[PDB]
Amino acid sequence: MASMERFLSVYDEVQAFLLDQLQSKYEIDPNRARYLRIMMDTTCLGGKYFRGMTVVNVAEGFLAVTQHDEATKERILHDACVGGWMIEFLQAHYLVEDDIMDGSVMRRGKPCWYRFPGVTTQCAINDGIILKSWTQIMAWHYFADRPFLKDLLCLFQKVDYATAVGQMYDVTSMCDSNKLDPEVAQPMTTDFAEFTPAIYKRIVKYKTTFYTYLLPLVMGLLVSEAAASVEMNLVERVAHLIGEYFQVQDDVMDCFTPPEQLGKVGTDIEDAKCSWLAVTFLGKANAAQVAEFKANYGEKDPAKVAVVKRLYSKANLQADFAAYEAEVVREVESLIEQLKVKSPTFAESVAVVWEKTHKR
């Protein structure tokens, strides 16, 4: 049975389970169940399922080299599909809440969930809470007697925490750290001293890489009972590296991918985000270029934004991007090789993860 079809079948199964449990154990009525069904569909479906399919793909690789009864294969694949849905649902939680936080307008060519007429922020904040709570319900129900349950829950907790920390690093990245203060309204950085490669690396490591790459690879390992086929420090290193590369790409596209293809209007420049482009631009700018950057960055006025995009184009950031890409390719292929020492299988799953990321 093909992995994607399996994964989608399991969505239906889990959806039905969560809603039936709301009726039998939490006194829900049919109309609020319907509202939550539509919310689940609208917030969890319509992407490529990269995260959750990685869990499946990792598990499928181990199945090919590991003796099991057919029923065990099925159990493992099912677990991998559940686990992948846990991660899809965690992402849905973060997309819902971050859209609200960031005043976002669209997502994937449709309005952000909080912007639907019958939702509003009042409901959407809670809908996002429920999204995450469903991840735990999934685990407790489907993995109740599994030997990996402890480890999976503990990992998932850490990933989720690291992610929330990353949001804090991301939305405060345009403020001077020494002036953070709940009591005082926060000014934008005027010096941009904290727009550095190391700082940017921290933002991106936490904001995305733990849930997007680390958690899908290690959850694959856990449902497979295959933690011993890897040196977990290598897995972490490669996860964080590939994920950085994924985010740099995302940053580039925010500025340069036409809205129709992007699925939304990018506003990094207006929001003064510590983006790859801004950090790299500042890494190579002369005095005049820095000064012009500072006079135009983080302003909604479209003329100011155009001045910033000109600076980017004129600074030939493409070249710095190719150089970065080249190093990352180098360092990923290296990490894969170190991973082949304990598991050619797991190494190959990483290689696929890298290909899907490096091309899109």
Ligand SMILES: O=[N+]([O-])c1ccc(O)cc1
The other form holds:
Protein chains: 2
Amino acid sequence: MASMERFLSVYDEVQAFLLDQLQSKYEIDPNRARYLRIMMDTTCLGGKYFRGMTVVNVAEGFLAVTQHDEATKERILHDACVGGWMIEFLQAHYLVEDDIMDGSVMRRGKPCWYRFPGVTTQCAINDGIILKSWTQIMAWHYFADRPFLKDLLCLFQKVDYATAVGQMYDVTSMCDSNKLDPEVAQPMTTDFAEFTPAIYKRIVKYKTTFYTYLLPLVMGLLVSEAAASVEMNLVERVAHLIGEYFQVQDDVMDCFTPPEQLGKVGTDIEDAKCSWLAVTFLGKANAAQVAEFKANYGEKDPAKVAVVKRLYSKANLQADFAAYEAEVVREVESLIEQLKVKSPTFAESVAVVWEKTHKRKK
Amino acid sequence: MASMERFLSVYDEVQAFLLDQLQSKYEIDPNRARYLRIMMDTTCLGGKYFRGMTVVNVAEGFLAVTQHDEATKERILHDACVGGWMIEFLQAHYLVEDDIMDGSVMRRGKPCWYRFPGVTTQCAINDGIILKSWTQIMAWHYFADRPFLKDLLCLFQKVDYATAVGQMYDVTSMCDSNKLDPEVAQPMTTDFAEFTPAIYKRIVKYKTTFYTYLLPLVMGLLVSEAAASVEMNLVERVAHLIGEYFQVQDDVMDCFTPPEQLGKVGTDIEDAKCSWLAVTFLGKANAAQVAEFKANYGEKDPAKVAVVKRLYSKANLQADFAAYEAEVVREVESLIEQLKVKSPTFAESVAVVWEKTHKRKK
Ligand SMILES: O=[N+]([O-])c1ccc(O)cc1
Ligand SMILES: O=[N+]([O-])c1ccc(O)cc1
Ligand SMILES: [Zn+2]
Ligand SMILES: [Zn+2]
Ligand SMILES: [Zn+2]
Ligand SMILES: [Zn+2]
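Structure of the form deposited with P-nitrophenol bound, please, following the form solved without P-nitrophenol?
Following is the full complex, with the preceding chain placed first.
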């Protein structure tokens, strides 16, 4: 059975289980069940399923080289699908809440969930909470008897926490750290001294890479009972490397990809985000370019946004991206080679993840 | 050592652990650590600690009648305090997010967290997420070796989910169920046909009673390794009964308690909530009273709110509350008597919880 067919079939099964349980144990009525079905579909479906499918693909790689009864193969793949959906539902939680936090308009070509007329922010915040709860409901139901339950739950909650910490790093990335204070309204930085590679790397590591790469790779190992067979320090290092590249691509696309292809209007410049573009620009600009950037960044004024995009264009940041990408290729290939010492099979799964990420539509 | 002294000492210890771990494992800087310390204090401290202290008091009751080394008593009480703080931090998560959802102004005599000048909704939504994550970080750290870890985590996530489901029941309680639809803006009910005792009871059971009574009572049993010694069906029934009374008191206070004592301005009438007052009023009103209620409920117009408060006053709902309270006393005393068959000690702990709830400042 093709992996994507299995993954989509398991979504339907998990949805039916969750909704049936709301009826049998939580006293839900049919109209509220329908609302939640629609909310689940709208917030969880429509992406590429990169993260959830990585769990499945990692598991498939081990199945190809390990002796198992057919029923065991089916169990492992079903578990990989459920675990993959846990990650997709965790992402859905963060996207619902982030869109509210940021006042975003569109996501994946459609209005953000909170903007649906019959949702509103009042309901959407709580819908996002439900999405997160569903990750645990599905784990306890499907994995109750499994030897990996404890490790999987502990990993999951640490990754969730890291993501929340990363969201804090991201939301505060345009303020001066020494002025942070709940009592005092926060002005945007004027010096941009905290727009550095190391500070950018911290934001991305926590906000993106743990849930986007580390969690699917390690969950794939756990459902395969294979974690002891790899060097975990290498898994962490390769996840953090590929995850940073993924986010750099997203940062470039926010500025330069036409919104019809992006699925949204990117607002990183208006929001004063510490993006790869801003950090890299400030790492090559002359004093006059720095001053013009300071005079225009972080403002909704469309003429000021256009000045920033022109500064970026004239600064030939495409060349910096090419150099960055070439270095990532060197480093990822090196990490894949190291992974082969203890697990050639897992190394190939990572090679596949990297190729997918590298070839992701620019 | 007095129980409250121990509980407050454990807060300081847990806070230090969480913040130290953010520095050692999550790359946090000192200013963001200070923000989170202040956020923790502002959102988690200042209440009565009814819920967290119930874990401690349940554990103390078993210690008084069970043979243990002194070091074991200290471990159990420390565990009860940590578990109690998990509940307090879960509540803090829901209060942060609920205040945003509802546009609330004040909580416990101070501005709601999102209204602090240097917080804002963008940060506060995520701060609430962090509060929830901290409940799991503390459990995995302090309870890693404990036999009750699995049961406690599974209970906790089910209660969290129930609370989210109850929030959905509460937020939608003023709309007609058959019109719920994410695509269509939701009008307030005109018939109020869903303002019934059974529908009210469903809202309260899920939104309040699981986290306010069931979770502290059962967590106290788990940290005491005593759950097998009680009839759990009775624990559920007594939690749901006392929890409903707690919420009825809160509903009355929202309308009639001066805001200086309440700590906020109650807005249930303007928000069209399915409150005990509204349900009970509609259960005794004549046609003219129903019509005037319909003409004024659910509107910010202060003159319309005053009409509703006068309808409530003239309807002698104080007498309905007295009758409701007398029935709760009958039923809670009956459940405490039944609890004595298998656990006289736990029965006394419940009797203490009931007395505290019954005597809670009106
Ligand atoms: O972009 N990609 O191709 C991805 C992204 C995440 C992941 O876990 C695997 C592949
Ligand atoms: O109001 N009260 O006294 C309470 C409330 C909750 C609880 O778990 C114990 C006592
Ligand atoms: Zn964001
Ligand atoms: Zn982006
Ligand atoms: Zn509310
Ligand atoms: Zn209330």
